Every structure is written in structure tokens, then in C-alpha cells.
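Take a look at this single chain in C-alpha cells; it is the form deposited without the named molecule.
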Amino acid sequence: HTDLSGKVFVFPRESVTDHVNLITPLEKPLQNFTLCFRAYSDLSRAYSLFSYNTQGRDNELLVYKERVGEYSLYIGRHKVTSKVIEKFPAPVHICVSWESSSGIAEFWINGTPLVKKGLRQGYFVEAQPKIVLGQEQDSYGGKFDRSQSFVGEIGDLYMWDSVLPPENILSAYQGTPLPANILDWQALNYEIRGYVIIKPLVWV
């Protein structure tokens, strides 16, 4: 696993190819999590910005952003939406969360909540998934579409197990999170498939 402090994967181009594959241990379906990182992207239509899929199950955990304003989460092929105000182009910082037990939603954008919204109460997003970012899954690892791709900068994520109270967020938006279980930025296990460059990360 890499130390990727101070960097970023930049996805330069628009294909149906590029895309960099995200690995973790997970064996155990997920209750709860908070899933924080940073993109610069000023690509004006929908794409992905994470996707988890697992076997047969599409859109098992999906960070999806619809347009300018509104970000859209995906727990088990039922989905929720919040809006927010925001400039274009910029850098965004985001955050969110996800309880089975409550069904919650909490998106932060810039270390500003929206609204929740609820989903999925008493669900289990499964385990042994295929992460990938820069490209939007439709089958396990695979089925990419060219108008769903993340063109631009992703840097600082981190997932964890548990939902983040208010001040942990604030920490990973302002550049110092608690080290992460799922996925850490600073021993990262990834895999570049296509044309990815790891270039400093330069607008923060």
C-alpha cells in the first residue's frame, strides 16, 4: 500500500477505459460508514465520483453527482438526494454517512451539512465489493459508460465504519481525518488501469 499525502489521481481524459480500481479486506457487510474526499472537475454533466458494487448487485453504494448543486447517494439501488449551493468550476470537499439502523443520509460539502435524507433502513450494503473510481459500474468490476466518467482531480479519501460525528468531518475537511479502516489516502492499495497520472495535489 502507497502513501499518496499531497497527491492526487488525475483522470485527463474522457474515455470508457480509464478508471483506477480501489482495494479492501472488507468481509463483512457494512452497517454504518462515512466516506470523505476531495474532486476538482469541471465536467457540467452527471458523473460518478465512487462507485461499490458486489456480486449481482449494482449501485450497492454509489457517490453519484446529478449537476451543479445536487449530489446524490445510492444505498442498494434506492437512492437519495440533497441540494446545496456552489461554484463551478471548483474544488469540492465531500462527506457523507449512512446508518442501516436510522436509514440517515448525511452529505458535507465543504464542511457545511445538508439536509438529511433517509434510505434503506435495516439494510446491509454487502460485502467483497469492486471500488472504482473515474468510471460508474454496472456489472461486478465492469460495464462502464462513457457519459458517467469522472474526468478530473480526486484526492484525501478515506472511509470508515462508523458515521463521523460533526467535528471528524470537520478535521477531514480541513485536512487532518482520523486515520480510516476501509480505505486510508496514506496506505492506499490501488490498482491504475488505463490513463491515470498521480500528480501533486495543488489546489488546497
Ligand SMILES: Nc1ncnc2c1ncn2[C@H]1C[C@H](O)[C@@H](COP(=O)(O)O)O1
The other form holds:
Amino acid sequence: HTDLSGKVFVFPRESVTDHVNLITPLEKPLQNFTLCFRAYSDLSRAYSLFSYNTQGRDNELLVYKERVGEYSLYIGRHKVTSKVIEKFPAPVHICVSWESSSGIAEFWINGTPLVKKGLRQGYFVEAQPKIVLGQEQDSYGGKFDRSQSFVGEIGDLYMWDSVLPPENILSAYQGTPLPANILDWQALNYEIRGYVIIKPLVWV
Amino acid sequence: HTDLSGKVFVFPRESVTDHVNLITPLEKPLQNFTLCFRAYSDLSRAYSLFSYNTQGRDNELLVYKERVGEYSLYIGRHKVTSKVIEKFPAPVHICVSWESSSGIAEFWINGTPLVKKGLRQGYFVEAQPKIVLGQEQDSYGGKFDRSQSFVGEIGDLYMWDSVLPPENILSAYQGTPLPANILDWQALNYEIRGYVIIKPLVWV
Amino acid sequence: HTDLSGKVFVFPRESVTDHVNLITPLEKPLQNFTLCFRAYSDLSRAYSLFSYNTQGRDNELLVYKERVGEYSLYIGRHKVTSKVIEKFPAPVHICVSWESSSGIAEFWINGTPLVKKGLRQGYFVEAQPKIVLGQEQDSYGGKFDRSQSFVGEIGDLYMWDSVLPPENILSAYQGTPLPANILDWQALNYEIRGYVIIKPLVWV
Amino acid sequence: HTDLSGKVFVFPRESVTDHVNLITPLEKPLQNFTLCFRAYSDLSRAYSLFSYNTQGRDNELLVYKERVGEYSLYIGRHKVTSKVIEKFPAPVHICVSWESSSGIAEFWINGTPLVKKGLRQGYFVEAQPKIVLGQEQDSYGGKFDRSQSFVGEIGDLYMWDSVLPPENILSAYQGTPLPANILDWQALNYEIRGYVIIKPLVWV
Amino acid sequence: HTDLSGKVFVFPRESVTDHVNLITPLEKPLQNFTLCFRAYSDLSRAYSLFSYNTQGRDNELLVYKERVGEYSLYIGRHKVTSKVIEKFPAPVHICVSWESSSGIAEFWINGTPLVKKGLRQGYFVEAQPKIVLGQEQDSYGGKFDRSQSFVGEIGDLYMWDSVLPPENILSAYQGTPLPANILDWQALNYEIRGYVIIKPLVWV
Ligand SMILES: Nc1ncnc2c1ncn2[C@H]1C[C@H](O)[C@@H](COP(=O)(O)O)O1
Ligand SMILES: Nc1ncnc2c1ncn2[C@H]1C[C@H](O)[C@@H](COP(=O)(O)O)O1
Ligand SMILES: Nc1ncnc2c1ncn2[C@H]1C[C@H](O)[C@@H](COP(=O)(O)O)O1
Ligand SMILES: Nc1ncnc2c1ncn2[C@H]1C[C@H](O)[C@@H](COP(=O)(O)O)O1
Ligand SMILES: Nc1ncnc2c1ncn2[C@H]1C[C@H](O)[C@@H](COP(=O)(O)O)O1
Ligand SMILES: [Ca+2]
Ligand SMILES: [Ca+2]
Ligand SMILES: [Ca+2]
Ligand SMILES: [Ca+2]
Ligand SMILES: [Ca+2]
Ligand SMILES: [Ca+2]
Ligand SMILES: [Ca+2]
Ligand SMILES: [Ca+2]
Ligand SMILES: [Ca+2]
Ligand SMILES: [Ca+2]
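Beyond the form deposited without the named molecule, can we have the form solved in complex with the named molecule?
All chains and molecules follow, beginning with the one already shown.
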């Protein structure tokens, strides 16, 4: 594991090639979780922020951006979308959390909570995933669509297996996150594929 | 009689099913009243905020939202609408009050008074009502329309039988409301029907 | 005479009926004057703010609102209009003054002077008028047009027979007006006709 | 020799008649100069701010306003236009300067310098001019066009025969101008013709 | 070898003639670099900010402005464009840097970093260039297009052969730049050609 503290992955161009493979020992199905990260991009079109597929399952867990001020979350091919007021272009800090028992999906854009939506109550996101950054999988680790490619910068990615409380969300947002157990920026296990440069985080 | 303090009812999806039944011993006709509550929703369409029907009377008392910055009040099937400047989406604090003698309906969005309008002077809203949250009744407790369904969060609901003065409105708005006698959030009598979760109020 | 201090006339609905008759001992023709009052309405259309007719003379003195940020003044059937930047809806404090010698009409929206315009230099507004609030006269005290009706609230009306200087305008605006001699809110002589309620001024 | 300090000329109506003739003490051809004044108008159309014609030459020196946020300067029938961000309606403080050697025209709207433009390098603006305020000359002191008439208020006019430095521009803007030698508000030689009133400057 | 400190080149008009030739002893190919400068223009169309051509190669290094809030960078005929929120018209401070090893182009508008883009990784911009200001070269020092001509003011130009870090960018922006080795405003070697005046920097 590498400590990417103070740095970010910069996907410099539109392609159906460049991407990063995040590696995690997720052996037991996900029931609860929280995902946080920063992104900076001036793309007007829709693009995938975080793709997570398992065998035979497309969009098992996908954080997709529809257009400005509109974020979508997919849980087992199901989808919820919540709106927010935001400038364009501008850096963003996203934290999305889901909880099987209630099915309640909760977005936190820049330390601000959006309206709660619910989906797939009592479902379990399948274990042993293929997590890619920069592209949107339509297969287990592949079948990328160019019009869904993310071009910009991504940093400070953390994923916990629990549903973080407001205090913990804001801390992450403020730069002092709790240690993550599913994916941690300070001990990341990745695989750079294609054209993707690592540079320091200058916009925070 | 449950204390929903620090919590809110979250209606997570559009449906013609989910709703909450508020129960109150209103056995003697309403002549004066004040209703206050918070709501957070990113729905662009129209939707009912508070439905109150009595036997044989539709829209006896309905707080309906026409569109952004436009609120309506129905008293015995009659209606008044007042405008306000507001952002979208964003949490809101609404207090509406009516007084039979003058017929004056008074809205207070986020501690700000909108222009007064008048309707049904000298009328009495029937007692023994059917009060639902999350749907719009077209019958006594039923006949819901999906296109009027409320999806988002609701909290801090209080209803007094008198017409509250400015200082009492602002207190409610500020989080220190006067004890209500028709409906009280700190001693609520409800019936969750369908998909509606209870979660803490994080947006205030 | 009645002291309407801290109160306002609220015209709660669109009609060709409701109005208030202001009674003033004006027996000698007007040569100079200043009018001030507050208004709060969310009407989008045009409406009359202050109508003043004399026998045979329509629009002898009329303060009419064309549309948002556009105020008109009629003096003996002649008209001037001046623009201002304003929000909608929102309470307003208006002061308009006219002086026969120069013909200079001067508007002051919310303590802010608009551009001066000129009309009817050397004219005298007839005395022994018919002053109505809430409707637009097309005859001596009558012939109301529904599409010109004012619906909203009006308060703090004062009318002097002289042309007030800036410091006196701002005082009125700040709530400490000079005693008026043609019409005074603290000693008003009115006649309510139709549906018009008196309530306290909550929006100032 | 009149001191118009603290006052302004108010042109109260659209006409092809009202105007003021400025008479200047200096009889030399112009090579360098600086002009400053305040204006307040809510006219949406184009209109002439300051007209200066000499026998046989139209638009020898003309400060014309094309539309909102767009100011033009004519030197010997030649023209330059520069843009600025501005509200409408709102009072303005304009200072324009030209210098024959370089041909550099320099505008300063509300103490803010616009982009420099250049015209008629090495030209000399004729002497024995006809300077009118409120109309746009198409002949020596005449041939006014109604659609170019200025209606609103003008005050604090000063004109030097040199090109004033930033400090001196800001002083004029702040109300403590350097003594002018071509035209001075505190010792103006004018000739009102038509309907134009003098009133105190209430908007500064 | 001139010190243009506190001054700027002002291109006063649209032409296919006026321009300035920057002279630099670049005999060895560029691999890394940083360019910074201020510009003030109210041109709505596209225009070239900085043209750099070598023998045989067009657009070897060109900083071109597409439209408002949209900046392009060309490296060896290849192009990247990045967006930013900005007012119009308004002065701007631009710093663009490129690094052959990664191919990462980095823009900094008014001390604010835009999203990184990448082009020509492992390329070397040819040495012994023809650098013009005010026009866009389509040949070695010539073939200007009128529709790409820059009209406005440019100042504080500096160009280093290294990729400056955030601190050094902000210093340049704040007026205390590091000494440049490829092009230095305080020791500039230029050649004015056509109508271009030098004046002091009044807008900073
Ligand atoms: N090529 C293309 N153009 C436009 N919109 C697209 C495209 N591919 C997918 N989508 C949309 C369809 C879904 O709404 C979302 C994820 O679909 P998924 O099927 O997982 O890619 O993206
Ligand atoms: N299905 C549907 N689509 C759009 N607008 C509707 C619909 N049903 C009612 N309304 C409108 C009609 C009334 O103006 C208001 C309450 O009507 P009420 O009759 O009490 O439902 O909502
Ligand atoms: N019914 C109606 N609709 C719209 N505008 C109207 C109407 N009646 C008058 N007006 C306009 C005409 C004048 O410009 C102004 C006052 O006219 P006065 O003639 O004094 O009413 O209002
Ligand atoms: N009547 C009229 N309507 C609109 N625009 C006009 C009119 N007369 C002149 N102009 C324009 C033409 C020039 O651009 C400017 C000054 O021209 P000058 O010829 O000095 O008046 O004003
Ligand atoms: N005349 C004209 N009008 C509009 N856009 C133009 C023109 N000439 C070039 N361009 C565009 C074409 C390229 O996108 C960019 C640089 O092209 P380059 O070929 O280096 O000039 O400018
Ligand atoms: Ca997919
Ligand atoms: Ca896809
Ligand atoms: Ca109904
Ligand atoms: Ca219904
Ligand atoms: Ca009339
Ligand atoms: Ca009428
Ligand atoms: Ca002319
Ligand atoms: Ca003309
Ligand atoms: Ca070229
Ligand atoms: Ca070209």
C-alpha cells in the first residue's frame, strides 16, 4: 500500500483507456458503507465518479454525475438522484453513505447534506468487486464507454464499512478523516493503467 | 405519544402508498389555528405539505406547494396563494395561521412574513379530521394521487388552536417553540404506513 | 380621527368592491405636496397605489405601479414614470413629491432617490378631492376597474402640503416622520367599504 | 460666472428643444484634455452625454452612450467604444481623456479605468466650439435629434486642457477636483434654453 | 534591454499590422516552462494572447483565448482547453506551465488553479522561436489574421524555463515575481511594429 497523502490522480484526457484499479480485500458482502473523496473537473457532460462491479453484476455500486448540481447513486442497478446548488467549474468534496436496513442513501456535498433518498432496502452489495476510477465499467473490470469517462483530478478517497455520523463527515471534509477500513488514501493499493499522472493536491 | 425531538420523517421515494397518519382528539371545530413545520425536498413539481380532510369534505385544510416560492392554503375548499423569494433546493420553515373572524391567512417562510390574504371569513374547519403526511387525500384518509406525493423530509411539526404572535413564530423557527395543543412533535401520535423511515435532523 | 400607528389596512382579495375612503379637508388647490407610505404586495400586474380624483377630473393625482421597478405619477391626467432596481415580492417605502413652479416630480423608493422628471409646470391640483385606497377611480369616487385593484397591505400614509427635503424623507422612511397636514396616519379619517381588515404592521 | 456647486441641471423630459449652452473661456485648438461629470438617467436608449461641434465639423468631440455598459468617444468624427460592468439605472461618474501625441483615449467609470483605445493620433480638435448639454448637435449648435436627447440629471462637470493622472481622476470622483481651466462647475458660464431646471444634487 | 516595470503595451486598435516582437536567445529546445502575464481587454471574440512559432512549425507554443472563461494552450500544434468562472470585462493574471515528462499543462487564472490537462508528453518545443504579442502568427513571424488580433493592454510578462511551484505563481500574481530567465519584463528586448503605445499600468 502507497500513501497518496497530499496528492491526486490526474486523468489528463478523454479516452476509453486510462483508468486506475483500486484493490481491496472485500470478501464479505457490503451491508453498510460510507464513501468520501474530492474531485475537480470542468466536464459539462455526465461522467462516472466511482465504478464498482462484481461478476455478472453491472452498476453494483456506482456514483455517477448526471449534470451540474445533480448526483446519482446506484445500488444493485437501482438508482437515486439528489440535487444541490453548485458553481461550475469548482472543486467538490463528496461523501455518500448507504445502509441496508433502511435503504437510506445520504449525500454530503461540501459538508452539506442533501435530501435523503431510499433504495434497495435489505440488499447486500456483492463482495469481491472490481473498482475502477476514471471509467465506467459495463462488465467486470471492463467495457468502458468514452462518453462516461472522467477527466479531471481525484484525491482523498476513503471508504469505511460503516455509516459515518455528521461529525465524521465534516472531519473528512476538513482534512482530518477517520481511518478507513475498505479503502484508505494513506495506504492505497492501486494499478495505474493508461495515461494517468500523480501530482500534488494544489486546489485545496 | 412519542417524542420525535431531533428527528424527522423521511419519505424516501415517490409513491401512492407511503404516508403517515397524525392522530389528534380534535372533537370541536377549528376557528383559529397556527401550524409550523420544517421540510427539505428537491422535488420540482407540486406537492402536498399537510393534508387534513373530514367526512364528506375534501381539502378542509391543505397546505399545498404550487411551485418554487409559491405557497397555497385551502380552507374549506377555498384557496389563497402567496409568493416569496427562495432558493432551490433548500430546507424551509413554514408557519401558516388562519383566523375565522377576519378570514386572514398569514404565512411565515423562514421567519419572514409574506403578504396576508383572506378567505372563508366566519367559517369553522370541521373537527374529527383525517390528517396525513406525505400524500394528498381526495377522500377521508385516502384516494392519494402519486403526482402530489411528497418526497423528502419533514420535522418539527406543531399545531396550536390559537393564532400565534410574531414573537412566538420566530421562537418556533429558532428551535424553542411554545407547547402545542393540537399536534406536538415532542408527544406525537402517528401511524407509519408504507415506506417511511425516521432519522435524526441533520440539516438544521 | 383615528391613530392607525403600528397598523395597516390589508386588502385581502382581488375585487371591484373593497376600498377605503380617506377624508381630508382640502378646500384650496394643491400647488406643492409630498406623499409617503409603505406597501407590501405580491401582485404581478399593474395596480393603483393612491387614487385622487376631483369632480370631472380623472387621474387628478394618481400614484400607479406599471410593473416591477417602474413607478408612474399622474398630475392632471399627465404622466411621468421612473425606474428603480427592486426585488419581488418585497415591502416598499414610497415618497413622491411635486412642485408646480418647476413641475419637478421626485420619487424616493426605500430612501433612494430616483431620477427626476417633470410635468404640468404651473398647474394646481384641484381641491375637494375623492381619495381612495385599494381601487382606481375613473369617476368621482367610483367606476373601479378590477384589473387595477390593489391587493396587499398599506400603512404609514402621510401627506404634507410642502415639498419635503431629503432629511425629512429619510426620517419618514426610518419611522420618525414629520407631522403631516393633509393626511396623517396617527390621526386618520377613513371609511372602510367592503372587505378590508386592519392588522398590525409585522413586516417592518 | 455661476457656481453650480452642489446642484445639477435636470432635463425633465424627452424633447428636441431643451438644452444648455456651455460657454468656454479658452480659445486654443485642443491637443490634450480631460472631461469629468456625473450623470443620472433611466433612459434605455442611446443618448448624447456631451456634444462639442465647431463650424463645418460634426462630432468634433462627442461623449455618446450606446447602451448599458458601453461608452463611445468621438474625436473629429472618429470613434472608439469601451465596455464596463454596470447596474441600471444608477448614477455614474465619467472621466474621459484624450492625448493627440499617442491618440490614446482613456475612460474612467466610477473611479475604474476601462481598457484604453486609440484614435486620431496627431489631430487637434478645432477651436471656437459650440458645446451643448442635453441634445446632440448635427450642426453648429443645432439640428437636434430627439432620439438622442438626454433626459435625467447632470452635475459636477469639469474640463481641463491636460491629461489628468489617476490621483487627480479619483479626487474628482471623490468630490475634491482640481481646478479646471476649460470648463468649471464652480464658475460655469451657461445658457439654459427650453425646459431645464436646476436643483440640488441629492444622489451623491 | 529595457525595464518595462510599471508599464504595459497598449494595442489601441484592431488591425493586421500592430504587434510587438519579443526577442529571446533560445537556441536549445524547451522541455519545461512557465509563462505569466497580465491582460486587460473587452474584446468578445477570440484572440491570441501569446504566439510562439519556429521555422516550419505553426502554433509551436500558443496561449489562445476561445471565449469568456475558456483558455487554450497549444504545444506543437496540439491543444488543451480549460474553463474558469470570470467576469467580463476585467483584468486578468495568467500563468500557464507545461512539463514534457508528464505532458501536464497547468493554468492559473488570478492565482486560482484550473483543472490540469495533458498533451505532447515527451515532446520538446523547438528553440530559436519567433514570439509576437498582439497578433497570431501562421508563419515564422508573419501571416497575421485580423480576427485573432488582440486589442487591449498587456503587462508583467515573465517566462522561466522551469515549472514554478504554487508559492512562486502567487508571488508573481502578487507583484513580486522570481527573476525570469527566458523573458523578463524588467529587462525586455522588444520591437514595436505598427501602432502600439507604452503607458503605465493603472489597472493593478
Ligand atoms: N453511451 C452513453 N451515452 C449516454 N448515456 C449513457 C451511455 N451509456 C450509458 N449511459 C447512461 C445510461 C444510464 O442512465 C447511465 C449508466 O448506464 P450504464 O449502462 O451502466 O453505462 O448512463
Ligand atoms: N393528478 C393531478 N395532477 C396535477 N394537478 C393535480 C392533480 N390532482 C389535483 N391537482 C391539483 C388540482 C388542485 O389545484 C390541487 C388540489 O386538488 P385536489 O383535487 O384536492 O387533488 O392540485
Ligand atoms: N382595464 C384596464 N386594464 C389595463 N390597463 C388599464 C385598464 N384601465 C386603464 N388602464 C391603464 C390605462 C392607463 O395607462 C392607466 C390608468 O388609466 P385609467 O383610464 O385612469 O384607468 O391604466
Ligand atoms: N435618429 C437616430 N436614431 C438612431 N441613431 C442615430 C440617429 N441619428 C444618429 N444616430 C447614430 C449614428 C451614429 O452612430 C451616432 C451619432 O451620429 P450623428 O449622425 O452625429 O447623430 O448616433
Ligand atoms: N480567421 C479565423 N477566424 C476564426 N477562427 C480562426 C481563424 N483562423 C484561425 N482560427 C482558429 C482555428 C484554430 O482553432 C485557432 C488557431 O488556428 P490558426 O490556424 O493557428 O490561426 O484559431
Ligand atoms: Ca455500467
Ligand atoms: Ca457504460
Ligand atoms: Ca384533495
Ligand atoms: Ca388529489
Ligand atoms: Ca382613472
Ligand atoms: Ca380605471
Ligand atoms: Ca452629430
Ligand atoms: Ca444627431
Ligand atoms: Ca497559427
Ligand atoms: Ca491565424
